[PDB]
Amino acid sequence: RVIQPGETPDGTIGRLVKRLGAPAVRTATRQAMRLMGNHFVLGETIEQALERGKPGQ
Amino acid sequence: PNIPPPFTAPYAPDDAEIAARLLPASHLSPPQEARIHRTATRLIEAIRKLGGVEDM
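These protein sequences, in sequence, are chains A and A'. A prime marks a further copy of an entry chain.
All the letters of the first sequence, read from the start, carry residue numbers 128 to 182, 185 to 186 under PDB author numbering.
All the letters of the second sequence, read from the start, carry residue numbers 2 to 50, 55 to 61 under PDB author numbering.
What the hints contain is simulated information worked out from the structure, not anything from laboratory work.
Be careful, since some hints might not be right.
Unchecked claim - To give an idea of the chain A side of the interface with chain A' (calculated C-beta under 7 Å), a few residues: (1) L147; (2) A149; (3) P150; (4) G185.
We put the CB at the ideal spot given by N, CA and C, even for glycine.
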């Protein structure tokens, strides 16, 4: 997809961007990424979650 | 031109009279305000992207 400039900032993210600025939103998303990756064991299916959360210990 | 006299402006004039001149003169056309708004938004977006005393 290609994004046209000067788009009215709507949605939860657009409202976030009007408030904090786009750069801070990117930074907040990267922090959410560390949280999601470190504190959750997730997958599309349970087999994928379970394989990801494995430790012969 | 002449060396100016020793500086002696009134010390504490009335704010309202000053505001009566400064308020109309601060007016800016819509495209002037638009450029100001964009530049300033970009500067603040960068600010909100290190460390300073205020942060501590």
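Using the nearest Cβ pair, does A:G185 come within less than 7 Å of chain A'? This hint is violated: A:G185 lies away from chain A', its Cβ roughly 45 Å from the closest one there, beyond 7 Å.
Does A:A149 meet its interface restraint, that is, does its C-beta lie within less than 7 Å of any C-beta in chain A'? holds (6 Å)
Is the shortest C-beta separation between A:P150 and chain A' less than 7 Å? holds (4 Å)
Verify the interface restraint on A:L147: the C-beta must sit less than 7 Å from at least one C-beta of chain A'. holds (6 Å)
Hint 4 from the earlier list is the only one contradicted by this structure; the remaining hints agree with it.
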